[PDB]
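Presented below, as structure tokens, is a lone chain in the form deposited in one PDB entry.
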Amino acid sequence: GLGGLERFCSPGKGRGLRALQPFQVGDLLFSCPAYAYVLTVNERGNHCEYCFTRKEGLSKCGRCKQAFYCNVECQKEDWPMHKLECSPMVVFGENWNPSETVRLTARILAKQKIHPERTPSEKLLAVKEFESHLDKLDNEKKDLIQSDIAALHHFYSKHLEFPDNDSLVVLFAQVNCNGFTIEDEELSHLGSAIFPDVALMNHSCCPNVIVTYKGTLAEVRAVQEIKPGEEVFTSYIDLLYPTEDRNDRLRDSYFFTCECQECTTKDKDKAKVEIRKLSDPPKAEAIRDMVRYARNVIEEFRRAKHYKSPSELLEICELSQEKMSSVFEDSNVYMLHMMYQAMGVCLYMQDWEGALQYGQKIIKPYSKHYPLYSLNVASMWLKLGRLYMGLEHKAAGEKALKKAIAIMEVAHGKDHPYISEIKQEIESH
């Protein structure tokens, strides 16, 4: 297996990962090559399909012209997976639209056909042994998987031989439960992957490790001191939100209620939903009314993001902030949510001044709501620093970039390519 670690039965949590030796903050516990992975459609042309390296002048696949590579070696190594989509993409044309989950599951089935035996990705936990929670799925979740199965059949019939429907339901459920999203240094979505040994770790809202990525290789580093006998915990979710929001997501997606110290004490809940100190204090009903409103506009914006124009999306963020500000302070996480969304729209519009203003309001509340070594905090420092440098605010840029580096050295390792890249940006402008 993995030296210094062991799989064990964690009471109430199924299987888990336990330390057999001590690990200090910043230590690498283990690394795990991707069992299967896929580059997200929006990042094609910026990243190599095989190894995920970002660079300019990638070689384009001459057949489909929609997959880019470092060189012919990366291209040849990616062929067993790319051929599932190369020709279908041109033949289906505009009508080719399998969801990312379908794309990943197709590559899982292809990997199983080629490499049926245990891989180096599965030293402690195999894909076949993944938890499915099939008995807990409701009809709406089962009907969505069955829709995914139909898409899998529609788009991948010529390259894949399918198991029976029951096996496909289980596999999709296992993917929903154990799959990982890969993000770049700015926490932008890069793709999806299966990391079997990383999937073994249970969840905590005060985790003692963080998962980062070196291309398609997952790495796991301590962000708290870990002693022999202690369970290794990662976070499955965005830790910005209060306990009821976190446990709503964990129950819905992973079918458990978290009992970590943060969930048990709820010690950060009050700061996360901070209320303005008005002459007449807002009543509990009014607070719960604004929280309900906030959750609704968050959902409305998530839908609107697919079709509305950038200026229209900014309008939603502006109006929602105005209404919430009558009750919520700026450090309130529902305010911060819409500010972050507005920043995203500004970054896409290349409105650097607009994005900088939002970043400056977000970073200090982020620092206190998130844990000590949060990737959400590091990436916000990084966005600020790059905005500053781009706008020729060299001194503020350097300060922000160094703040990002200080965190990433712990989470990513001092020798990570991301840290080398960021140091160039300090000594370029």
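Note that the rigid core is defined as the largest set of C-alphas that superpose within 1.5 Å between two forms. Positions refer to the first chain, counted from 1. What changes on going to the form deposited in another entry:
Only one of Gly344, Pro88, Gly215, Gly354 has its C-alpha shifted by 2 Å or more between the two forms once the core is superposed, and that residue is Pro88. Superposition on the rigid core between the two forms places the CA atom of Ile363 less than 2 Å from its counterpart. For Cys64, the Cα coordinates differ by 2 angstroms or more between the two forms after the core has been superposed. After superposing the rigid core, the C-alpha of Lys141 moves by 2 Å or more between the two forms.
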The other form holds:
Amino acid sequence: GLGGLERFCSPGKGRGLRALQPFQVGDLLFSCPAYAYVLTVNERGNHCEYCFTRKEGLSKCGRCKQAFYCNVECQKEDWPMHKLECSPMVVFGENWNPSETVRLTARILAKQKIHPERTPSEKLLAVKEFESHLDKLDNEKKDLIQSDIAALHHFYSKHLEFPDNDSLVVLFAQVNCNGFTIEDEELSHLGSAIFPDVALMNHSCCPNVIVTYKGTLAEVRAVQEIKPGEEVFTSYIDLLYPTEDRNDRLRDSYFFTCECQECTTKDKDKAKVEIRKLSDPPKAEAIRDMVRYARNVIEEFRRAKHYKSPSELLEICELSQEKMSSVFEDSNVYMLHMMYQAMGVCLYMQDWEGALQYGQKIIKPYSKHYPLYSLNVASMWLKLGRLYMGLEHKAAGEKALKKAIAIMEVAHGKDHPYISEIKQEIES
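Having seen the form deposited in one PDB entry, could you give me the form deposited in another entry?
Just this one chain is shown here; partners and other molecules are left out.
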């Protein structure tokens, strides 16, 4: 997080990261070891707790029987963090339920006790310097923070020395906006982590780098050419959506609005909210009304995922698209969102043919709307590839897997484990 790069003051943005040497597409700018990290509960059996390596036959922790490790080195090395939960899981059993944010924050506190001094993950930005945005948080968020502090005390009281409430409020607020989610090759949620030097990068909607993970190591690779003196920009938000949506998301979490070329011009708003070529052109009240509808349905579906059944979820996706299609083309990003969700439901039901059908409809417009080396696009191709291969559509499967590899070679690097894994899926 230092070679050929420096920390600097980005005008209008704040502290950021600047290139001192050229980078080409695919080049590693830096990697950043996790300051703190946690494997999500639902991936326990499938990944090592320490290093996140996926493989069959992982060795169980003999003390709690809940954690899984590659070997005794992984087990020994994870202990300073694992010790925060090992006995507590035995004590609490099925009542053990700290949120992932609480789990990550407990680790931060343990890390601060064992290694109080600057770590390699903090070459340019320290965890203590993270923005909390505490003065901008509403009462609901502050209430949620108090519930996290209560939970932290409740589940970890035998294993941490707690700072005072005011300090923990700041730390939870910092975790809330600075934590990264680590996702696998299909963008499935693996865990949460703190990558301080990665957190230094400012936001653009035409970013020049992409963040990926090799185990718990964050890696930062160029997705456009970067010249000496140029700022290194990552994206904090999902780039599928139009300018207002993007900025609503930025405002919600980080209390700023973007000033990049995409946001200034809004040149891709029309193509993203692609309107049908009707006989009578629609009127702005009807566009505005359908946009509002779409955004509300997306959000209602987000919640519905927790309590509704799979057939009810598909019905929502189908009905939403039927209503939206008065005004929107199928390549419209809001239509794609719902198809993407319907694809998710099919994969969950193990309806492999139905999932393939949705994926086939998503992929080409989805790829046009995202930047060239989007992990969202790579993930979609990978899912198609695997669906095709399972149904013995070999040529289509090879082709989709190779489209995924093409993106991933740039984003993850050519020697990444995922690529070796996917190349073996083709050679098979």
